[PDB]
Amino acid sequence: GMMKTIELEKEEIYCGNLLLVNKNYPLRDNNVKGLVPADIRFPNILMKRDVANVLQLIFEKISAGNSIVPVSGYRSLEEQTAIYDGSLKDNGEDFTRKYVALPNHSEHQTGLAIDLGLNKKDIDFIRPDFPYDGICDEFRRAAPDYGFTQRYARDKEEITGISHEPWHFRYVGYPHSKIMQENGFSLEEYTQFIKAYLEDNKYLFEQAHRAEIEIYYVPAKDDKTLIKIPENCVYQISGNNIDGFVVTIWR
């Protein structure tokens, strides 16, 4: 059918589900919209609306009931700064650099990241309990089917700059989360990987109808970046927070 041109300003590389935010690549757009409470039972834990909806789908699918609680979701700049400086004081500099993201380098400031914990009264905010057994592990194994990935694995510490965290999950959206799982990728790795697939060489994701999904990378131009899309497709576009765009096409 008809194709459609999308025109993107360079600053849109700093918006979207696939932002890479880490020590090297800071958040450059503090302007998160569509934050809502993740759950009636925790009004102070906010996250992006579609991400709260997805988190509810996962808890329903695994029958989590009340055994998993959200410990931290969206954090503003002032919250992250207070957490970092308070951890300097309580825990020391080595621990804090390994476990608390720098202000403006925290995925929590995007509304796409969530810290989860077993439901106890004894919950450590910085280290909540989220083991690789039982219901927490059911979540962990279901998560990539729904757009979530465990962000900081032990075998990727040298790449992520952050120590192993059982409890921290990041929404990137489907099928990206599933492709990362199949390949054992951290987000750092996936952000490089997808650059190998340009518009004339798209990555093809397909399960078993369902539907075919194509994904490709578009480098950002200095000014306006031009992307073509079929009117005959649901699509998503995200910046990668560095240098370009990932386009996802549902065929």
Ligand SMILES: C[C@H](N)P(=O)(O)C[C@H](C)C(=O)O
Second form
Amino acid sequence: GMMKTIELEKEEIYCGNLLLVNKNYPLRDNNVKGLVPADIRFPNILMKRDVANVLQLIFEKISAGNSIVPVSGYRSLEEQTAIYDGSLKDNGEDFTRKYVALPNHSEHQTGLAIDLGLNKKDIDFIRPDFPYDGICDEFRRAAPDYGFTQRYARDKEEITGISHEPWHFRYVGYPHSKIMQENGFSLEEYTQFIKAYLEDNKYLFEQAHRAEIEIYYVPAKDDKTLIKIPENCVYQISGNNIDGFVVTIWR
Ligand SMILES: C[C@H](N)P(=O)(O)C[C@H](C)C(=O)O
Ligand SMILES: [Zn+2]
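Pass me the form deposited with the ligand bound as well; I've looked at the form deposited without the ligand already.
Every component of the complex follows; first up is the chain already shown.
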């Protein structure tokens, strides 16, 4: 069918669901919009609208009720700075470096990350309880089917630069979250992995009776990057926050 051309400015590599934000790769566009409260019960915890909707779907699916509470969603630069500096004072430098992202290097500043905890009257804000049992683990096991990944695993500390965090989940979107789950990938690993699949050798994601999904990487040019898409598809494009774009085509 008719193919259409998408023309992207280089700065668009710093927007999208698949941004890799870490010590190496800072947030460069602060202008997150479409933030909404994640839940009526927690008006001060904001997330990107589509992400809040997905969270509700997961809570519905596992019948979480009130057993899981959102502890921290979107954080502004001033909030992240206060948390970091406060942790320096309370917890010391070593702990802070391991458990708090540098300001402008936190996924919380994107609206795509959420810290979750067991519903108990006293919850540690910095390290909330989200065990590998019961309802919390039901969430954790369902998450990749809906677009979420547990961001900071114990076995990936050396490449994420952050200690094991049971509670911190990152939205990357389906099917990326599932591909990461299947391969045991951190987001760092997935960001490298997908660069092996260019437009002329796309990655194929398929299961049962739903449509096939193709995924590929497009390196950013210094100026305008040109991408072609079928008019005959639902598609997504994201920057990777580093050097290019990831394109997702629903067949
Ligand atoms: C501050 C909490 N421990 P976190 O938000 O789960 C840490 C994370 C690396 C960040 O500061 O973005
Ligand atoms: Zn977090």
